Each structure stands twice: as C-alpha cells, then as structure tokens.
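The chain below stands alone and is given in structure tokens; this is the form deposited in one PDB entry.
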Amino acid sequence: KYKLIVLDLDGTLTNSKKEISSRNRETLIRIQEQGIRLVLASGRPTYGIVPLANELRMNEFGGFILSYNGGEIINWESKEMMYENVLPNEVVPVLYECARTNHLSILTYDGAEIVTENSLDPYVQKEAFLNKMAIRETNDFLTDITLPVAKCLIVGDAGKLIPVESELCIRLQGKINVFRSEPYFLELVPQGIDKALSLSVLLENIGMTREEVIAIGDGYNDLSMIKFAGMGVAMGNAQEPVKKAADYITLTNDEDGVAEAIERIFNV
C-alpha cells in the first residue's frame, strides 16, 4: 500500500532540542531498509536539512529532500536536482528596500553561508544556529550575494514583521510567495511554491500516487500536504485545524510521534 513517507522537521521529526531521537532514527532507518522511501520537507535551506538526511542514511535508501518550502527537490542518493525554483532577481531589491525602511534584517543563502547586513541581529543568529550555517556579513547585500537565490528571509519581532508582510503582499502583486513560518521569520520564496505542490511534482516524476503517501507535520505550512497525502498525520503538538484535517493524530514530537505513527502503520 504505502510506499513513501514525507516528514516536516521542526515540531515533527525533531524534538524540542532540535535533535532526532534514537527511536525515531532507528525506526526510520528500518522502514527505509524495508523499502519505504523517505522525504524530508521543510522551509529550511538545503544545507540545514543535510545533516538530518545523512543521519537517516537517506543517501543509501533513495530518499529525497524538499527544501526551501518545496522550491528545491533533490534525490539524496544520486544528488540529482529534480525541481529547482528561484526568486525573480528583480524582486530582491524590493525585499531589501522594505527591510531597510522598516529597520529589519534581511538574509539569504549562498552555498554554505547565510548572507546579511547584520550578523548581530539575534533573529539572524537564530536561523544560523538552527541550520548550522556560518554568517557572512556584508555592507552591500545586493552586490555580495550570488543570484539567483532560492529564498530570502526578513526577520524580526512579529509586531514589526507583520506590517512588512502586509506591505510586500500588496506591492509584489503575487509575483512571489510571502508568508511567515515562525512568527519572527518572513519567508520570501517563488510563486506557487509549497510542500504539497512540490510533493505532487515529486510523485509525478517517480510514478507514485498520493494514495501511496504518508505525510506527517504540525504547522499550518503542513496543512496542504497532510490533506494531499493518502494518510495525513498531525503531530500531537499540531495546530487544531491541522489536527482536524488529518486522518490520524499522533503523539508530540517530544513523544516520538513520528515513530509511534509509523509503527502502527507498518511492521518494523
């Protein structure tokens, strides 16, 4: 029946320490050794997902990474890029100028580094810590980044960040996707890009149907993929409308809710 499991990271696969428990790690290696393919799907840049993919040995079992909210899909065994999307270059100065005017930091990603004009902003430091990426600070953001980029982030207290969200939603005329993940992280990613849409592109490419997929997540950004999957699973710490949309509600991330769901579905 089921052939593929898609997992969100923060609040889902990882615990409150942002680590993968021994139980989740061992159940996920087992189910892959048994032939089930794993997908990690996250807003994180690819570099922030890689250590986890390697810990789960996905490079050995044909796993996929869906990074940047679905903007990139990579086969982690072959390292072949299946789906790639970037922001229109011409929108980047508008993002920069809005951040500047609202005195908030903007960042983007350039290989192994986060690039920003303020490496001392605690929210920039938060994103770097989470993704284990060095920060390269610049005084000329637009000159010092390598374009095109898969995504930018504007960061700051929600009270200051929400009006930036509102202003860019209006000004950008739908040209890119604008939304907050954490309350202090404003995601700026290509138009249309979300986890379910990108999952659907993966399935079409590998010849699978959505009835063959389990998706597990917690946040409103996972709602669409939990509905799309044949078996949508909400974490016990999920948003209430996410729980209501799911086919199954599991335990919290800290309670190994991923392993508890997988073990009820498969015989490991």
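Numbering follows the first chain given and starts at 1. So that the term is clear: the rigid core is the largest set of C-alpha atoms that superpose within 1.5 Å between two forms. What changes on going to the form deposited in another entry:
- The hinge separating the two rigid parts that rotate between the two forms falls at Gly192, chosen from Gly192, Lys160, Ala245, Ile206.
- The chain behaves as two rigid parts between the two forms; the smaller one is rotated by 12° relative to the larger (C-alpha superposition).
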Second form
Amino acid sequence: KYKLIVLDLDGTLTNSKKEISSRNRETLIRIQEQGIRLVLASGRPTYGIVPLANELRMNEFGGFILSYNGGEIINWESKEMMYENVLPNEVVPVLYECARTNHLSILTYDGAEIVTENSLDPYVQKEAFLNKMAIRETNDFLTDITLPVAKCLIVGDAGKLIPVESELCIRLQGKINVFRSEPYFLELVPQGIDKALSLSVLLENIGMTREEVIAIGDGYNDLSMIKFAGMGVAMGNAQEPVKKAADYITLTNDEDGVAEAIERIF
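Rather than the form deposited in one PDB entry that you just supplied, could I have the structure of the form deposited in another entry?
Here you get just the chain by itself.
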C-alpha cells in the first residue's frame, strides 16, 4: 500500500535534543530495507539535512531531501536535483543593502558552508549550529557568495526584524516571500514554496500517487503535506490544527512518535 514516508525534522524526526533516537534510526533503516523510500523535508538548507540523511543511510535507498521547504528536490543516492526554486539574483543585493542599512546580519549558503560578514553574531551562529555547518566569513558578501541562492536569512532581535520584514514584504512583492521561522530569523525565499507542491512534483517523477504516501509532521508548515498525503500523521506534540487535519496522531517526538507510527501503520 504505502511506498513513501515523508518526515519533517524539528519536532518530528528529531527529539528535543535535536538528535535522531536509536529507535527512530533503526526503524527507518529497516523500513527502507523493506523497500519503502524516505523523504526528509525541512526549511533547512540542504547541508543541514545531509547529516541526518547519512545517519539514516538514505544514500543507499534512493532517499530524497526536500531542502528549503521543497525549494530543492535532491535524490540523495544519485545526487540528481529534480527541482530548483531559488531567489531571483536581482533581489540579493537588495536584501544585503536592507540588512546593512538596518545594522543586521545577513547570511546565505554555499554547499556545506554558511556565508556571512558577521560570524560573531550569536544569531548567525545559531543557524550554523542548528545545521551543523561551518561559517565562511567574508568582508564582501555580494562578491563571495555563489549565485543563485535558494534563500537568505536576515537575523537579529525580533523587534528589529519586524520592520525589515514589513519593508521587504512590499518592496519585493512579486519577487520574494518573507516570514519569520524563529522570532530572530527572517526568511527570504522565492514565491511558490510549499512542501506539498514539491511532493506533488516528486510523486509525478517517480510514478506514485498521494494515496501511497505517509507524511509526518508537527508544525503549521507541515499542514499542506499532512493534508496531501494519503496517510497524514500528526506528532503528539503537533499544533491542534495539524492534529485535526491528520489521519493519525502518534506519540510525541521525544516518545519516538515517528517509529511508533511506522510500526503501527505497517
């Protein structure tokens, strides 16, 4: 019946210490050994998902990474990228100048590294630590990044980010979307980002239907994929609307709710 499992990371696959429990690891490895393919889908850049994909041996089982909320779809075994929704290059200098004039740090990604002019900003380091990515500091952001980039973050105290968000929202209407993922992270992304849309594209490519998919998540940004999946699973720690939209409610992330759901469903 089911042929694909899609997992969010934070609040879902990982526990409160941001680790994959050995129960979740062994259950996910076993289900792949039985022929089920996995997808890790998250707002993180690709290399913030890579270590978890490696732990789950996804590079041996044709696993997919949907990084940047599905802005990229990458087969982690073949390394082939199927889908690339990235920022228009012309917006990047505008984002940089906005950060500069507001005395806030901007960062973006270049493979396994975060690129920024302020490696000593605690908010920049928070993004590096969550993703386990080294920081490459530069004194010339716009010349040292590699374009195109899938997103940038402007980071700082929430109070300082709100007006920057409110300005960029309208200034770059039609070119980007803006939202805060943590109070201190302003995400600057292309239009049309949605895990469910990217999943749809993935399914069309690998010849699966939505009825054949299990998707597991916890947050509002998981709602569309939980609705889209034939078997949408809310974590025990999920938001109430996500629970109401699900087909199945599992244990919390700290109680191995991912392993539990997979064992129960299969």
